[PDB]
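> The primary structure of each chain is shown beneath.
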Amino acid sequence: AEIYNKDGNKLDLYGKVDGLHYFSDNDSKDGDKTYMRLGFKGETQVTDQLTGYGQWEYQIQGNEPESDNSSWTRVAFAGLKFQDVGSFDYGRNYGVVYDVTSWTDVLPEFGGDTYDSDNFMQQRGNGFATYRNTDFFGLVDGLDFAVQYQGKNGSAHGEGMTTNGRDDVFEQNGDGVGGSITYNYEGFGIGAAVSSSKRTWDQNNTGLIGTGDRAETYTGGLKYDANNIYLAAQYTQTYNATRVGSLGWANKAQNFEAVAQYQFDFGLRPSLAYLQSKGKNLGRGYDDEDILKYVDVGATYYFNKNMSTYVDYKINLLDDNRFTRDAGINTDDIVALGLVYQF
Amino acid sequence: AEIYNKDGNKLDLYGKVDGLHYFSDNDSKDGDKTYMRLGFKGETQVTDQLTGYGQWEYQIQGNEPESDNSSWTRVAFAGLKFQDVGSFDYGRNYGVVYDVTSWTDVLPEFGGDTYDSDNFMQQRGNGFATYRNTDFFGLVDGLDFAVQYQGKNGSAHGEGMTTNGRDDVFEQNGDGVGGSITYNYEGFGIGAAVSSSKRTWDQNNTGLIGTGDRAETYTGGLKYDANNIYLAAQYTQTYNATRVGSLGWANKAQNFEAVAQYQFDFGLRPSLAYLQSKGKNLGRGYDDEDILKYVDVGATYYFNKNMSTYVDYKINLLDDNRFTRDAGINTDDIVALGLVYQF
Amino acid sequence: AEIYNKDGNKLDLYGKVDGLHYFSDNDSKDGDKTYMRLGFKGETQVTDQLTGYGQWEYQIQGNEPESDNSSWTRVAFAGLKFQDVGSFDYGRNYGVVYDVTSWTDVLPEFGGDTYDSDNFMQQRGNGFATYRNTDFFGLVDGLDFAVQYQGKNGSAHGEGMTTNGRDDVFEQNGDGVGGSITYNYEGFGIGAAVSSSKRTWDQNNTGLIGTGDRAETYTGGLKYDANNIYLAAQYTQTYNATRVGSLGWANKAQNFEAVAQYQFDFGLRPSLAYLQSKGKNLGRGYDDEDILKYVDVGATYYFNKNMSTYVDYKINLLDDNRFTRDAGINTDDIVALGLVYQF
Ligand SMILES: CCCCCCCC[S@@](=O)CCO
Ligand SMILES: CCCCCCCC[S@@](=O)CCO
Ligand SMILES: CCCCCCCC[S@@](=O)CCO
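Chains as they are written, first to last, in our numbering: chain S, 1 to 343; chain Z, 1 to 343; chain R, 1 to 343.
Chain S with its partners taken away, still in its complex shape:
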């Protein structure tokens, strides 16, 4: 909600409370999942064509006792935007791969998990410097592109250390570069993205699988968003980038996400999605294994812009086998039931 707008600056304070419950045969995926998000979007008019902005978003879990409550920053960045030239922002933000893969990340509860947070330039992560050009200098409405640099987020000790270092190797990265191009026209969307990150010393020298010099993602995507119908698909082919449970990363992975949705006038929105991640030549005796594979059927009912409720059913297609147990990958179904207020 816009709670301030005065003398050239405005501030949107926004958030939500999701009363959320998971039902699953997997005990680790069963029970209260209530949480909230809080954020602000600030924007200031410097001149006719130049605006400064800042954004911050924070998740606070609501399913924990008061002795040990968990929370974190999703994004936190500042930037500058010049009309018919472009923008620059820096901070914790989304990787440019997500400019395309976000198109399928629209399920009621699940989805968007053929990749993780702090997972190279694929989703949210630290220290992105992002240059964006919107509508090609105002000459081609709908044509957007971005170039993105991610600085090294290293270890918390020893060699390859950064000031914001982290001992979990799955959350580290070296210097990376990425780009995205997208074109939207009368509801039809088409986009490509590419990212290339250096892998740090710790992630290649701790005995995990999917070691190598660089992490790489190549993404293509298509969507249709008009007349109350939402169709989208994305295919990403990764190298040393996709996480495989606890085992490490996938030498090669082929990720595919597809979604179909329809918005009824009275507020009902049914959703059918298919997500899949295929590990190829994973090593460690596993050759070719499904890292992820499930069908998602669900529905959100929008009371209005400020309130909704939804059910989401993750029909898990993975087999319980040696690879999934070793990696610690869930192969059980999850049904999500949620009640959501937002402002």
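Hints were generated in silico from the structure; no laboratory data involved. Hints are not guaranteed to be accurate.
To be verified - List time: in silico DSSO-like cross-link candidates among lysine-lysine, alpha-carbon distance up to 27 Å:
1) Z:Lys-41 with S:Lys-10
2) S:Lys-41 with Z:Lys-81
3) R:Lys-305 with S:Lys-10
4) Z:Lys-16 with R:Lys-29
5) R:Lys-29 with S:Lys-198
Starting from the known structure of chain S, fit chains Z and R with the ligands onto it as the hints suggest.
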């Protein structure tokens, strides 16, 4: 404070800073206790008779250094309210036992501690699904009732695990059911509450006292709230529900709280309260011991709705003995001195 | 930003996002340093001459992954202000030594580090009770003084324990008393401050250097703040108060900070500063060592009140030697590059 109210949605952002200091012979209860609370109450008009709402409240301690600052969510829930039918909400919220025991939880600093947070359905806890009926379908002004379900909040590992699991057994619970009825009329209040929770495997198989299949509370309460006078009393009889320091829980407990207050026109509000918790047949050689017992004398001076200061004197009536030392229960006096800004 | 002002109470919700990056040969000082701050300033008119107030400020780091995000309260206090008499506030707040040393704490990124947080009464710390007199009862415009008491912030276990205890001895303190006087007139500022804190048992009995009965600071300061020119200097002489890396504290220390700045009309603000901390008779074989010593050259460009960017270059003058390695003191340069949105 209402910082937003527009096109059918309003948002109250509220909070306070309590500059607070404790004086006690017990070193663990002596010193700076400064803290703040922050929250929002959001509410949206869906129709003439249907409203959606969300609430979130957060405590941030202000008495710690910057290397290690502690904070937690008190409540976080969403819900729906239909006029002359009732409400439903879900999330971290207060247990329905508190619909009655809150009546004595009105002291300046102390009080309200014959029970804890995350202590079955007695106070704040995770995953409450709460149905409420207000004024009996609009036919009996003052008559309220509630039915409440709390889902299992289990361990963080092994058997009886939940996704929001917790290794502290005092903060766990199994499935529980509770109800409350209250009637208020021209300042006079009368109420009863009942709760029945299943106890998890860990809380019955870790060597503690007060083990058993279910936790149970039966509460009665009376109050008078009119003509600047506040009188209230509550009596709760619990089984395997009341915490006894570190020892475990009380097989049986008899809890009683009584308060008397008077609001002077110029802003002074003196308070006299008596709290007591009697453990019966506690085992471990005890067998009948006071778990809690103190008289509280205090006063709050309200400068206005936004500012006040208070002194609160917990005259501790417990004897320093084997049970209290073993349980780790404070038997020393505490004087609280506080300065409070709120909005 | 003032987001509420109604019926005698107003509330300023403020904050910023600093997209920040450090470049240094020291790996521990190199990389993403993005962070945000959030706070509110509340103030209520009780009468014509009496106002109640509350303030709270919070830092949330933006350079960490979502599994482990760090945050803390900077200040949290309530108080009362009577016109032409003075104010009283209590809580986590700034020590009165800072009434003078803040004058040099105005660099774009660095500076203000001849002392720490939770470092006796020198900067931010817990449990300050602060009495302030502004303009000497309204009889001498510009003449301010303060008396301040800090209650014991002790250990988290054993002897010398407080309820808000802390096991890091560098963040503990005993009872302390401090005072400040300042005089400002047509841009010219002059001030003195004195503080005297008791050192706790743990800080004198854990093998560190700079042990002794009391911590003491004596501070003098001068400044000029007018006609777009900012000049300021502070000299503090401390005893058992200044931190020396991990080694302990400095028996005696001589701290000096000097700054020169100029505000161009078009928004550029160049800054040149010199900071220095000289340890005297440190013991442990060290004798006389520079604890801190660097020159700071930098510049902030203000787009407007809500947006800016800056570069800050810490030219480190310390030699890499036995003392600096043992203490773990950085002797490498740091260049800071920041983009900042604030409201
Ligand atoms: C789409 C914009 C192309 C990226 C160019 C950025 C070059 C880095 S520059 O902005 C910093 C100068 O050191
Ligand atoms: C008039 C009904 C009394 C309240 C009982 C609530 C039952 C919960 S049920 O509707 C959810 C399980 O499907
Ligand atoms: C002349 C003003 C003196 C300021 C110091 C106040 C003394 C502390 S006292 O008021 C609290 C002990 O009860």
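> Let me make sure I understand: some of the numbered hints might not hold for this structure. Which ones are they, in numerical order?
2 and 4
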